[PDB]
Amino acid sequence: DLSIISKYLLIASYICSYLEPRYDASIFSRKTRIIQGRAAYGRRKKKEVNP
Amino acid sequence: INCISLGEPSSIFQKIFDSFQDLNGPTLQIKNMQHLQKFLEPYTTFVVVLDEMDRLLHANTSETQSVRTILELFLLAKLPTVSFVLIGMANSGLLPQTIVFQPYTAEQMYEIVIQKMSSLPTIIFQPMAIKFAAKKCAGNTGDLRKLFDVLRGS
Amino acid sequence: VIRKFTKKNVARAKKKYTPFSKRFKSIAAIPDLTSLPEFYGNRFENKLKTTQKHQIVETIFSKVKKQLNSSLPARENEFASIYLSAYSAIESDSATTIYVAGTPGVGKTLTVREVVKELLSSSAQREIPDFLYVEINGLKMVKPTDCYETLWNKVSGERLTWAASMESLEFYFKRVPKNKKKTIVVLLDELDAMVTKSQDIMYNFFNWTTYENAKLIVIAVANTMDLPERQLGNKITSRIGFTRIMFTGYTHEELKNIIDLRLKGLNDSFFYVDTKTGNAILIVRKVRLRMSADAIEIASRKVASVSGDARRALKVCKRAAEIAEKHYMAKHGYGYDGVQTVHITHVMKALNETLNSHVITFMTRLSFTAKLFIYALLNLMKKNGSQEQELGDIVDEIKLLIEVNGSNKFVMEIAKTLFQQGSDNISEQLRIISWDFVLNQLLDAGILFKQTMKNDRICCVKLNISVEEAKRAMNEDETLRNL
Amino acid sequence: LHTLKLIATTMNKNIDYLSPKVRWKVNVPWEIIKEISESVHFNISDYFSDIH
Amino acid sequence: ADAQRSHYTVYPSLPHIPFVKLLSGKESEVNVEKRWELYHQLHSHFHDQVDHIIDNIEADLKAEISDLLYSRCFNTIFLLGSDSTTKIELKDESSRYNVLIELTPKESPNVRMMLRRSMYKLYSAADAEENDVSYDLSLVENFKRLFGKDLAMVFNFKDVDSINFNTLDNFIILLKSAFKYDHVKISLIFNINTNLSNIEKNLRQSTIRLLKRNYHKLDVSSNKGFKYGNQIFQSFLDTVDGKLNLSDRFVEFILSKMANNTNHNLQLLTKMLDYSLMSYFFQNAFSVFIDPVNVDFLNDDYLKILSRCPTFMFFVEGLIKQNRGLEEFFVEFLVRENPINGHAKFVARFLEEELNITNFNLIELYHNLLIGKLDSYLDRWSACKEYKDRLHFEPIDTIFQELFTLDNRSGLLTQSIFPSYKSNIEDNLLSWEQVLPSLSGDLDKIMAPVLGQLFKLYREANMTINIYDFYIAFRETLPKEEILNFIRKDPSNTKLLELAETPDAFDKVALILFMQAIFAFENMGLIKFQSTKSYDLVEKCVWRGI
DNA sequence: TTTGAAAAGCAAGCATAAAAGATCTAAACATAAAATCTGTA
DNA sequence: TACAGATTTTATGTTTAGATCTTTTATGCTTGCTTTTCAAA
Ligand SMILES: Nc1ncnc2c1ncn2[C@@H]1O[C@H](COP(=O)(O)OP(=O)(O)OP(=O)(O)O)[C@@H](O)[C@H]1O
Ligand SMILES: [Mg+2]
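Protein chains in written order, with the authors' numbering: chain A, 323 to 373; chain B, 170 to 212, 216 to 264, 280 to 341; chain C, 356 to 397, 405 to 433, 449 to 660, 677 to 730, 769 to 914; chain D, 427 to 478; chain E, 16 to 30, 38 to 93, 100 to 158, 179 to 370, 385 to 501, 510 to 616.
Just so you know, these hints were derived from the structure itself, not from any lab.
Take these hints with a grain of salt, some might be off.
[What the hints assert, rightly or not] Dumping the calculated DSBU-like pairs for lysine-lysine here, alpha-carbon to alpha-carbon at most 30 Å: (1) C:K359 with E:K115; (2) E:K305 with D:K460; (3) E:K249 with D:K451; (4) D:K447 with E:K484.
Model the full structure from these sequences, guided by the hints.
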């Protein structure tokens, strides 16, 4: 019977625990750049073991 | 009053009361600041000399509770409607006045020795021996007890 | 009421709480304490007594052993200094501290007790005023504050708790005038044992000697000359003083004189020995007893090299006499109910058993499994040099040593015993037979150290003994040195 | 969420919540967060499909 | 000084209602007094009903717990969604003694303390009803010898989602040993706040198999089936019926806030209802006309304010398309019932009793009746198809009904009860001219407050900031000559003039103003120093709008 | 439509922060026998 | 003065809150190398 904010906070905490923070801009960034800027390239190689 | 020769540092107020009240009268039971402050209010000057005031700190606890008794005594020797004058001697806007006692020099030690043995009929030391003992015992941070044991051992 | 816990074995003494400062109304109300029937010392012995139904046979060496027991030829300058300081401070009614330090058994307590005995003899001749002698041993106290309970009980005869006793002693030493007092001589033996964290006891005992009305002599016996500099504060070091008396360990000539003084009347003397029983009488055969001057000299030189400790020299001579008496009683068959000499051989055998090490001959008499464990442990220390080896690595290396020297005769006879206990119905085992037994045996012997870990494989094990004596014990074995 | 121990911290007792040194971690297994994400129609398995 | 103490008590020397004068201060004080008295009648008539509802909540919870509790294994009850604030009382039945043992995670650091506290509670209760003992399970063994009665222990584990589950598992396995004593029966109550599946995976499988032999689930959240919040909302409807009306924005805000709280949204609902009533009786000068006795106290200010009503605006615009009379019109047209509350109560009692539709929330029903979509709310059940024409209602947009309304448009409810705290701090830091008025006059216009300038340079910098470079960037915006003119404008202070005479004065002033603001930012939590003994770089901890 | 090149990502190495917990002590909480105060008889 | 009762003193046990120090493991910076998308030809 958890709240919607509590559920989305748990989902975001699971993502923050099990995803490296260097790549977050390559998943979540969606804004229009008035200023010239290069988004993240994203991860190159897959992991071998499920984190 | 010597603070080390008490049982607990919290009883010193009571000790001051057992140093002042007449034995024929009612002996009250005293805990803290307030009962001593109420007792000295109808009075006459009270001189207390407290030797070793630093061992009034609690060696345990922390900075908040080790300086409980000393701050309480400094506040109780500073407020009006009492006549409580407090002298404390430890070893090396209401803060106390400070005189630092200085370590004795060779000439001071010499003068102390001849003043002490001036009660004697003769002096069985050569004065050069006392001067040499004083200059070796003084140095830096000297104690007159060391000079006394050097002369006694001589 | 229902308690949260119970204290059902509380044993509380009958000790009062009121200190001596409330015993009289004023300072002038204090009477002369010397003319009081409880001050200054004004039942269990018979329970250890019985009736003797036999006649103990004392052989000729029994008097030598009795005279060599611990129950002043080499301490003249120390005696004179302590006695002169105490005599001067007693006769002039002053308070002082005398400091004495030294290694064990160098005659500290004996010299101080002799000084006190001579001062009591001089006070019995009305040459110095009377004093009370109190002996406080800090190792004989249960709690360190009990010295406060002891000294005050020796002074007043009362029994107070320790804080009230401390206030009572403070008031007594500071406020009671000298005309109503007696001098007190206090021996503070084992002074390091009364050192606590707050050091209040040390400060109080050495600060009472600085009071003008105290009439207190504190003789503090210590173990090191630098105890106030190492463990005490500047305040207590200032009060103890600069003059300190060092008791040096005895040279071999003074140990020689001590042993000759214990045997002045026995050595080179004749005894009437009854050959029926063995009982000897000091002036039936006339037998002369002799202990060699070379034997006493070599024991004294050895002891003076080690410590200069008179207890050790007396014990070495007593052990030599015991060895000779055991051989004599064995060869004559006497029981307990022309020249008898205790020789340098007995002295050397007494000196050798204290210097012999049992660790090597303990390890050479172990089973093959324990020796195999130690050998594999030394092999792992040779392989990686870590000095701590995991037990699983020891298991694997024992298994490797079994399967590598498999063509050896003893190993190919031992393998079935080691892994199946000689039985076909027993499966091949991951540990050898008696693995836990020899591991725990080496841990109880102190040969091994084991960390507190719950995983048996990664738990580390260390040699506690020296490595080369373990290697010597391993090369003593026939099987292990060939593989 | 910290009270229920669904999230946790490096320190367990006498916690300085406002300390920058204190860091936070999730304290639920993957099946619990899977059922939670299925209760709100969030595609959490799409976030881990491309990384291993 | 009192500013340097940890705490101090002040008994201040002294030499009648918190309501102020409305109508630009031309309201009378007697209208203020009856505003206060009308607010207190409405508040009391609401909270008596709320108190009765809360007592009913605990009463039926006690009844359901006792029914599930008394009608060689544990009797296990899982109270799902429980805040562990229910007072469980056991029966008084002869020849057997019933003990309630309450255990908290603070009272449970290990199994030994759990058993010792439970056995102390057992012995204390058994001694209190009608020789010391050891506080272990043998007292359970020897209970019939020591007290002559059989034993029923009920263990109430408060806040199970905070306890160490290894300790709780070992304590349950320890309590399993009492099953062989023939006079002992044990009930366990677990107050679960997350889910049963979470506590399933935190326990051993043999412990689960032991608990599975006799167990029941009892779900009591704050809004289990919406039945208890509907009573609070209906009592609020009855206390303002014919007197005030609810906007759809206010009901929408209420539903949104109750969606964001799980365990304590009943008290939250009462909190926003009372704060809205407070805001009306503090704001509206027309609330005295809530009482129909006070209508003769009209003034020109009242008629001037009530003329600016959009519903009255549309009414008079329709009249022109097609004071005394205005006074009589205002008197006559506030009498009517506004039957939305009676129709909502009728629909609620029709759905609850007749159709046995019980999983409905009255608040969204009232929202749909407010926006005219009661059919669009009712057609989600497929059971009132034959009664859609029966329960049809359309609201009547009466005129000057917004002078008596509870409506959320200013964001006063958002600012007071659920503020955007961090966003308000960042907005006040970044845009300080919405804080400080725009009235040493030359410096106050040409140079910003130091905290705001520091936040402006903070926002446009990287994650890691070199504070020397940061201090140079702060120094380039400050005016030098105006600062030196401002620092010399105090001729009584000569040390200020002496420091202003030095050629390195502006760098020192900039460093002082920079260091004060840097420590303010560190205390607020914005910046974090990297190392303890370096103090050369900072990390931003805070970004605006996130 | 290319270009190319500067930003982004990988990876070994290494100093260093920090998590975990072993060990310990202060403080709150708790009990208790002997002594000492206290109000009456 | 004697005395029963209440309180204090001295003395120790029980439990929780927190500090310090060590050891092992995460992590952040350095530096060199490879891939990649974005602002001009
Ligand atoms: N000069 C001596 N003459 C004869 N016997 C001596 C002499 N010195 C020591 N002893 C013997 O050795 C024993 C140990 O001496 P004592 O008790 O004085 O030693 P100590 O220095 O106090 O040692 P510890 O520090 O171990 O207490 C004495 O009881 C005595 O039997
Ligand atoms: Mg001795």
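Consistency of the hints with the structure:
1. C:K359 with E:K115: Holds. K359 of chain C to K115 of chain E sits at ~25 Å (cutoff 30 Å).
2. E:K305 with D:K460: Answer holds: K305 of chain E to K460 of chain D is near 26 Å, not above 30 Å.
3. E:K249 with D:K451: Answer holds: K249 of chain E to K451 of chain D is near 19 Å, not above 30 Å.
4. D:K447 with E:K484: 20 Å, holds
In terms of the numbered hints stated before, the structure departs from none.
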